[PDB]
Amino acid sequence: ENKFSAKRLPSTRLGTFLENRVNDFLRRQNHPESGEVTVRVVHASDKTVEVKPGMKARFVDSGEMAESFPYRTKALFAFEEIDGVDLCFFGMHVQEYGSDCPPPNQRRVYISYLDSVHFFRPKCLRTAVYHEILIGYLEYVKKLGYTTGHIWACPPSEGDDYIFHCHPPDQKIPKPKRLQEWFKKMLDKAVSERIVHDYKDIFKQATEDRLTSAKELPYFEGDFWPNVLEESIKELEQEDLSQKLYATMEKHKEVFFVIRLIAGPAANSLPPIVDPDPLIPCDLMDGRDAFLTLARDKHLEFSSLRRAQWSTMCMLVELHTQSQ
């Protein structure tokens, strides 16, 4: 028995939900080479995103658009048991803008960052397991009353680690098209299960929505669009803001997914969003810097199966001894 295992991490309703979904899938496949997956929310805290000077001037100060949007941020990780030792192979960071959030951020979630380490066993279920987690998250927030999800299909630069320090040298970074097709395959799956109603690139979605002002575009921490509007307001300063937006959306439409989970009249009468889970203050999983620093300091790589398993044990040790 191992008092610092992933299974013994404090459970959450979300974590349970997700891992039950994955293990159900795994049991159905009945593959002799696979192991039990464990999913753990390891951080959850409330924050707000502050509207930046340019946009504040044109829209906030004149009472058209709230100064700040609050959201709950969360970090979660998934683990496979491979002959009795844990392996961390997947991490996700989300932003959840609840029902008492001012529009246009209301009832939306944003996937900040996705990362993995390609050591899941067997190789031929890795993509499927990533899909079951991602679809599982969508199913859950929908259940609770979030209407729309958002993804930015941004492949990193060579050497830029998103969550896991030092990737294997032979884990290819996907080209943008490949990453976009991969997300489409995942969302298609969720449409068949009637989880997602539909999904569209950001340009087509803003068109259908008859969006006319930049204040109507959701404002997410760390996202492309806040900074695009800023550079866009400096470019009008140096000489319409809506025409600039719609063009930047067109050029880059294929990278920005808008996923609709509840549409039509069903979205207009929803009860408030209440999170059955408590906050989880954990400085190590507060954004992606604290975990990446810890890995540099302790020379924890994630570049081979046995290295990543060693690194998993350390992260689990930290994680338990800070939750204690």
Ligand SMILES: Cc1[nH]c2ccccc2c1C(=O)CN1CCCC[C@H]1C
Given for the second form:
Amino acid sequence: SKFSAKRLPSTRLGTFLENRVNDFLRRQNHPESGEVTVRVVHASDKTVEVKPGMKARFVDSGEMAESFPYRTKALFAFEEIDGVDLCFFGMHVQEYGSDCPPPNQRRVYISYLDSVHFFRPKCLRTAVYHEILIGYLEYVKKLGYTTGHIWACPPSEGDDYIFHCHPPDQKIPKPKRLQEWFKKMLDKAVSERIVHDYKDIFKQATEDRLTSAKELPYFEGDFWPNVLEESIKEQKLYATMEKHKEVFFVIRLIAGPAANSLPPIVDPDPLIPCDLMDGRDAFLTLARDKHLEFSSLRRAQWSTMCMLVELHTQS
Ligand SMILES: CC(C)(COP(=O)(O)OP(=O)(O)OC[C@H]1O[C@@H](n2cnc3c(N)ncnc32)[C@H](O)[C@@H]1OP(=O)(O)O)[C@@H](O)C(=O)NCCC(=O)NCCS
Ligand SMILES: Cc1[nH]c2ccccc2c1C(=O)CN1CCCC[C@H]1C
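Mind pulling up the form deposited with the ligand bound next to the form deposited without the ligand we just looked at?
Up next: the whole complex, starting with the chain shown before.
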């Protein structure tokens, strides 16, 4: 059909991820599973600017770059259930390439991920989310990104990351459950030899014998930029790192000498301008303004169809 998820334009990344998920589902041979479609719907160039305190201490002194360029991508996963598309998973990532100044070079960071719990069958839902994330790490590792970063931050009560109006009975995991969920994902990646290893931020920083705040990757919207500004306004930083360590993952995709002899990162996919999916706010607002909800299967399917018409006919 004219405005289907499958007819959204393809990318190498979307294709790679959907082939992984569908091959997984085919091996499980569950009669209730439907075809999965994965589409990158936004990609654009951005920069994160170093905030005044760090800018005063380290940028002005020529010890650290003033800003760091990255590519933002938004991708969505859809499942066919009884001939109807359901959008059930979304993710926004920041990708810092090989031209980026240290300490941000060749890193990926997950800005947001969100879901609505209607994947059929339910006994495969978590496994499918893990397959998308492991496939993302698999892909960026293939391109030459060396490290992944994840802040396990659940949304505040009443706050939706990507999808407006979640089901009333979809529980939101607490930090501890969410940490264990990312670990289970990462252990599967480790056994597939995609992830070399992973550590909490304090352990990584300790084992790498990092001297200075300038050595820590500096990402848009992350915790650590704001904690650094607070630290500069008022040794304590080191105490914050340890207390909150368990919620920040540093994921090594490529370690050893092989991590230092890499060609440049060449992303084969074009930029994809799309107003609706540049950041999270725009899609939340359109849902709010069109009275869309993702609060039941049928409402989510209706909202998915509206989302798709919009994606197809913008510009
Ligand atoms: C992260 C996410 C995709 C994981 O989904 P998931 O694979 O279904 O895993 P969850 O931990 O949410 O749920 C698994 C089980 O734990 C349960 N659970 C979740 N939160 C719970 C809570 N606070 N108390 C008790 N049980 C809970 C669920 O009900 C579910 O039960 P089931 O397996 O019997 O159906 C999803 O929780 C989500 O969309 N969260 C909101 C966005 C977010 O947290 N983003 C992460 C960082 S950007
Ligand atoms: C707050 C914020 N502002 C941005 C502007 C542009 C791009 C990204 C962000 C962004 C995030 O990524 C936040 N995110 C970080 C990872 C955990 C979940 C959550 C707390």
